[PDB]
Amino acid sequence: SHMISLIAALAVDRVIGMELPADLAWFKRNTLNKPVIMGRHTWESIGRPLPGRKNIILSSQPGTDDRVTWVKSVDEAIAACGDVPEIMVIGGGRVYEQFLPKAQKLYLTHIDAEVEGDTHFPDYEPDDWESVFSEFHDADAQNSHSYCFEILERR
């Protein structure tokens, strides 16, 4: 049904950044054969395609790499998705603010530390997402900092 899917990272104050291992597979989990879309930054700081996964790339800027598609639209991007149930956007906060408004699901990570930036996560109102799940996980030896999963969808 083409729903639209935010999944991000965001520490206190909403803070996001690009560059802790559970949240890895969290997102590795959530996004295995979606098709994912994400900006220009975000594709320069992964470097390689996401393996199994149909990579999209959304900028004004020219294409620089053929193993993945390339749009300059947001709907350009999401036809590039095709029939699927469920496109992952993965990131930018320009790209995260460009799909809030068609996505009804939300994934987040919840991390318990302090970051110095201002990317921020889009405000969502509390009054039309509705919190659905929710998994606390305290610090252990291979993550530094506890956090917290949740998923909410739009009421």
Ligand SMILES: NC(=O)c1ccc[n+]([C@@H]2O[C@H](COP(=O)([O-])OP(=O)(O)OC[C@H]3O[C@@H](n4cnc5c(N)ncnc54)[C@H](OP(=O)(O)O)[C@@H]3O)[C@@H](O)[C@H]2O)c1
Second form
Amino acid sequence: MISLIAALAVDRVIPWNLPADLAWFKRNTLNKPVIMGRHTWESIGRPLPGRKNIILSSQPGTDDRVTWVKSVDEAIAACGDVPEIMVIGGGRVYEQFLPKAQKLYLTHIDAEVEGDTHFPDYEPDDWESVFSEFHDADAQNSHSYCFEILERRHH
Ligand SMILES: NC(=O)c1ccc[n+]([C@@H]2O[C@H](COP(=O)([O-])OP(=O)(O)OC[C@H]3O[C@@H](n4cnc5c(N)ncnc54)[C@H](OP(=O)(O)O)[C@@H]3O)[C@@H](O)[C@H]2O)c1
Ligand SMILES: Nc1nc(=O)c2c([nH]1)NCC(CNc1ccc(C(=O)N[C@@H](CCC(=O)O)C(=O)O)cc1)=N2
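Can you give me the structure for the form solved in complex with the ligand, which would complement the form deposited without the ligand we have just seen?
Next comes the full complex, this chain leading.
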């Protein structure tokens, strides 16, 4: 199955220091393939350890430490037969994979940020919330945040 995982500021914009959210990201992606667009790959700056890193780009790859693919269908195929594929962004990539996804792992962060790019719109009635957990800010985490998992119920 295909899952998307994202951190969402106010208004679902995709500034804080949230080690707890990065731990959540790692726990939910470790030992799974991760699919990302080239801009997200460049931003991360190094492969995510313990995961197969699959990078979408229209152009030939430029780093032998990760696997490069040129289309959504190739990216999925390159994951093989695994129980769960994690799509880690960015916007362009989330838009393409959302219709194919069965799960969303979202962190709703209580912060407004400088950006006009939003997590894709999706029908609220297509999804069921199956987990949520709110945390206030503390000495290590600059803002309050809420983890959520949603499972798809309809197309
Ligand atoms: N969207 C906005 O409103 C906005 C506003 C300001 C700045 N930005 C900038 O946009 C960038 C992030 O955009 P993002 O989050 O959407 O990027 P992303 O998903 O991380 O990466 C997009 C890149 O992934 C590749 N890709 C995606 N789908 C593909 C497909 N089906 N086949 C082949 N390649 C595919 C392309 O790489 P190739 O280019 O190598 O083909 C594409 O340019 C940042 O640099 C940010 O500063 C965006
Ligand atoms: N919940 C969530 N939070 C994010 O920050 C996030 C997300 N989802 N989905 C995609 C994404 C894209 N950017 C990034 C940037 C850095 C790491 C990263 O460094 N992860 C480490 C965490 C451990 C650490 O660095 O202290 C990892 O091994 O996963 C991951 C994704 N970021």
